[PDB]
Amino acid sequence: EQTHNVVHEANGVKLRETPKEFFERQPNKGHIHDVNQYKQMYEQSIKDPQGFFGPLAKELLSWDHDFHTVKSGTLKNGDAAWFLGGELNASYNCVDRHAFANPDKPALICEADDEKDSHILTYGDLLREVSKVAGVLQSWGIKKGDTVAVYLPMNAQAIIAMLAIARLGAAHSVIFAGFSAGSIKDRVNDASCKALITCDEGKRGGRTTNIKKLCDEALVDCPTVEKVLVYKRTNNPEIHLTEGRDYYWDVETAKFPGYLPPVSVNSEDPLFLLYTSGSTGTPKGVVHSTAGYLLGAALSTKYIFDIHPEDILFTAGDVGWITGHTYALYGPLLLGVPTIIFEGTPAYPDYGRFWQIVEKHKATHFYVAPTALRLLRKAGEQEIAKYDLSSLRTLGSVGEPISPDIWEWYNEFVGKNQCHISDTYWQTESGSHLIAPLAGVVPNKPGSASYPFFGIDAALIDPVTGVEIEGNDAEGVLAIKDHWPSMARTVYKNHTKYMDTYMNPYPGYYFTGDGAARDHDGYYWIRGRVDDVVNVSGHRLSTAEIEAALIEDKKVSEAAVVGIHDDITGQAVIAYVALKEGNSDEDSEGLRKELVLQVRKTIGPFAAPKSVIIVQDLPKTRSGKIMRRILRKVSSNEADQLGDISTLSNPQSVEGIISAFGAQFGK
């Protein structure tokens, strides 16, 4: 039909064909001829993964040992594997092979917080630095099967460190540089990292950040860390190094030669751990394989973004998140193109920084978070007209609900109505894109991620019956019907948590945690999390971890944290706190600031609640457990719709929550 009774988003939405200028700027014949070819290849990727992914793995990856079996295992048994028997090395495929072919080709276009510190590393340069750092790590005893923590800003050293660790067959664990000391401690200890790579201080938005200081604080409780390599980012002499543990990047790398042989690893040996927050309270180390993850990165970077050897990719993200892993580092470097590594913020020295960088380097592909787009539309629209952005042809949206208005704003003010937009849906555990419009191929519906990608057999499941929904104009739980090459393989030393989270809720399926709708054309519309996970400014947060942080403050007796819509950050965190012996509304403002600072120092500045609400007690059930549902409805001004609260043990509390929120949220 033409009308939708379920997928209201899709009603009256005209398809948006790729503008003709995209093809004028495309340097070669596209990788896919048209949408009909896409659908034929997609069906083969589902019906015959062996015949589809086999040849692509042999085209796009360089193997030290051939694989004998494309695909093994099932979701239900949590034993997925790809390219069994194969051996390869990630740093060889991202660096060496390109350096041998064209050593002077740019690899890392590094834009520092202050442009005067910007520089460019060629693939040849990259090979020498990666070899030297791997040389240091090898002399420290790092070997295949070890884990190594990285705590670095988004710059050349973070990329070099990751590739040097992979060069030895060890697994890197990158810890976002905005994390607090406690967050560093939790991740380092779960992985039992033998070494850490960090720097003395950072520069962000003109400010100096305390990086090494936080490591020292965390490391007093990290007994497995034997050595730390410290890069002189500011060269501040007041930054202390602990004798016998900490060593300088420049001093140690000067001891080793600019070539070190890469270590062959099996396709299914771990490439990295990436700690993620869930509905648990403790971070879980998501583990990615080597071959399957790398194939997914190359495949999605090539086909969804339409990347060619002549192109230049600017992923405005951070390696602390999966976005930087896959689309700032592995994807582009696998394909041998330059990637722009941006250390600063979109606002410094002014709101034109993104566009100055695109123009400076003639970037052809730009990949950004809707959170930044909303900020730039609000505060920096007047900066765009100052820059020539005609080198661009593909505009990606990293992964957040994008409204049709922002889609149109992005399309008009950045793309001049001449670029293709790729709203990519995916998650840390998918490794690479799951649903996205292929640049130059798939027509767009603004706000829809469009079609599932190669190897992704998406489905909607009825939340009442657990049964897969046939046909279109449907909505339900978003699930995937078979595993795919870049799917996460386990949670580090906690495979049971992995099973309970992803494979057991809907047996036979992978559970994304999202709800979605599928319209009459088969386009998917993401409707957001069904599992109460909260994403603030593109960053996935654990409400339970924030509650635990607030409870550490001994003035607090109970804490409940929920998420709500926010026009800036997508979602915001609202914290409800009951104090032990408080009162004094003159101390309210002050005690609220103290609790926010508590979360800032325990988790990190980016997990701080938007607002802390002081209440006399929280709503609970007969069993005594907190009813967050009530807090959610109140915090979104849906006080009506609470319904029958006679089932609570303390219904009288609800009145207090409605009034406290209406009094305190503003102020």
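Here the rigid core means the biggest group of C-alpha atoms that line up within 1.5 Å when the two forms are laid on top of each other. Residue numbers count along the first chain shown, from 1. Compared with the form deposited in another entry:
- Of the candidates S623, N28, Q50, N36, the Cα that moves 2 angstroms or more after core superposition between the two forms belongs to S623 alone.
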Given for the second form:
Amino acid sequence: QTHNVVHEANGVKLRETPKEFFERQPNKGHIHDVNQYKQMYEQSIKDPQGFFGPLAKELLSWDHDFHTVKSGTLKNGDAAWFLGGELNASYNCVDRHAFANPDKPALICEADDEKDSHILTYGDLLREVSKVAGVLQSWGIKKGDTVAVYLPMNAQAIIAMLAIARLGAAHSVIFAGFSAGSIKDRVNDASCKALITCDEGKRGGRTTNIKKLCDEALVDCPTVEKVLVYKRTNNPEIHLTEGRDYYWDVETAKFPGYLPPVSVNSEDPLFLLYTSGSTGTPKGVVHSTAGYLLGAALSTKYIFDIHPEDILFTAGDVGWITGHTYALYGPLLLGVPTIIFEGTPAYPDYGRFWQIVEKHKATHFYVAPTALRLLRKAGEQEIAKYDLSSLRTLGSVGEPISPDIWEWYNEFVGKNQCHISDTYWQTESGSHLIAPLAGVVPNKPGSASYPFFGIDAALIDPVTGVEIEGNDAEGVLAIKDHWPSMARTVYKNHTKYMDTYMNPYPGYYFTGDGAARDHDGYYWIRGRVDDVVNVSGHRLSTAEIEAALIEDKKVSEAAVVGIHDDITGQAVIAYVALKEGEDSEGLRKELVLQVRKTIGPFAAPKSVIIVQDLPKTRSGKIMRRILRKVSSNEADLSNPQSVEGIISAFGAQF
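Target state, the form deposited in another entry; input state, the form deposited in one PDB entry:
What follows is just the one chain, with no partners and no other molecules.
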């Protein structure tokens, strides 16, 4: 009854699913109780063929039937699911629903200014997707090509992604907050033949330069042959390169409202999504089609308890896996409307999220703890102004959610009447790994609870490398076998894929996360064990930010570390040592701007600390732990004298 290792679980009462949840449920739940889930989970692990086989035939529409459910091993890096099958993601996300009820809402597009909001039905979505795919097809985009998308979180982003997939091409979405440097690396790694973007962006009421950043990147992108440009603001001063750039509205008007979808294999790549690891250069994560789609449909249906009558509002961005899986593919596969919100939770006020939920009577809400911390700070009064009684499932993602934020989230938003789903997963996992199923799994505030279907979670002693038997344990979180939506490779760098996920603990998948398992079997995520920082739910690499600082030729060496931040959860502090050859305060700001243009404004360090030399080991490498403690005011060795200078530089410049 007492835990010696998993201290989070001591004195934590199980929080049942409120009765109001089952009152608001439109139909019978998909799973009755935890016991039924236990048996379903056991079958998903002991008998994947008998479990996912029928579920694949049920939830997905196939152009060609598969003959083998599961193939390959984790250790050999040859995992494959539903081999021999053929299908198309846009048909499963659009066509099959449009043919049934073409007037059912599909994309609920809430623009930055609500005066620009609109709704696309599945019939509308089919025609728009078909037109964009018709444009791309006429440009030579064929199966096996990759098409980059640099768009904000609006309806055009969803249309672009589905139009690319309709042709059998893989879309590589680039988060609109990246700079020309990040756009350049991603476009050239995938050798994209085309790019879809817009003239300008509207977020928080402020206009962003989108097309100018594209033009800036495309001078080093010889593979991009044509660019489709959407008139978001219709600014007449935005220049289009003659012979390369063409207008969305102009080109789509030349093509009809239906284009046949292209059948692809189950294991044909659906999309690339470049993620940051302890790598220095972002690596292109590649996901299959059938495996990924099932994971999106399966998790969305069961973890969130999504029914045909439901409305899902994932407050995320398609530039990250959360927008991919649970704003686009998850809900559209199940045929339900999905709310696509372009702006911020603060514009025009801090009741923007709740006005949207009330406006469309959304039944499911999915956001990162960073927004909850902000809205607790500056938006508690706005929540009571709106009717949130349509909600019954509330989800958290991207970051650890403190028990206190869990309570605030449950009370002030859920009114002690909704189920909270702390969903743990990764870009590489495609869909949820560990999460409490809505209406099934009781909560422990701050825990993700039980693994999901097909995930045989395990803890590994980092020192010995041996799987830890028994509960009340801590260690590195690993998966003992591959699952349908697991990422299949790193684009054209499968050795890096193997070295990162399969080789560190042979026979297992290495998540890069630490976690603990208590006597009840619940998993408590501890955080990353590598050089990855979670700034406001956005995965960042300390190595990537350091390399950005090094691009400024005024820097000799740089060291970036992550510290606790009470709003962004975790913040990046950059320690920079300059070479030989004025205005120290002015130079700090130069380095911050250096990161904003190399990676992007969101990856800027909170503070840049200029030092004389960095604390370096006897060998010569940087001990970041000294920087971590000094930065977090916990400052209690080839150069043991520098440590005093580090503390003073931080005390003065911070």
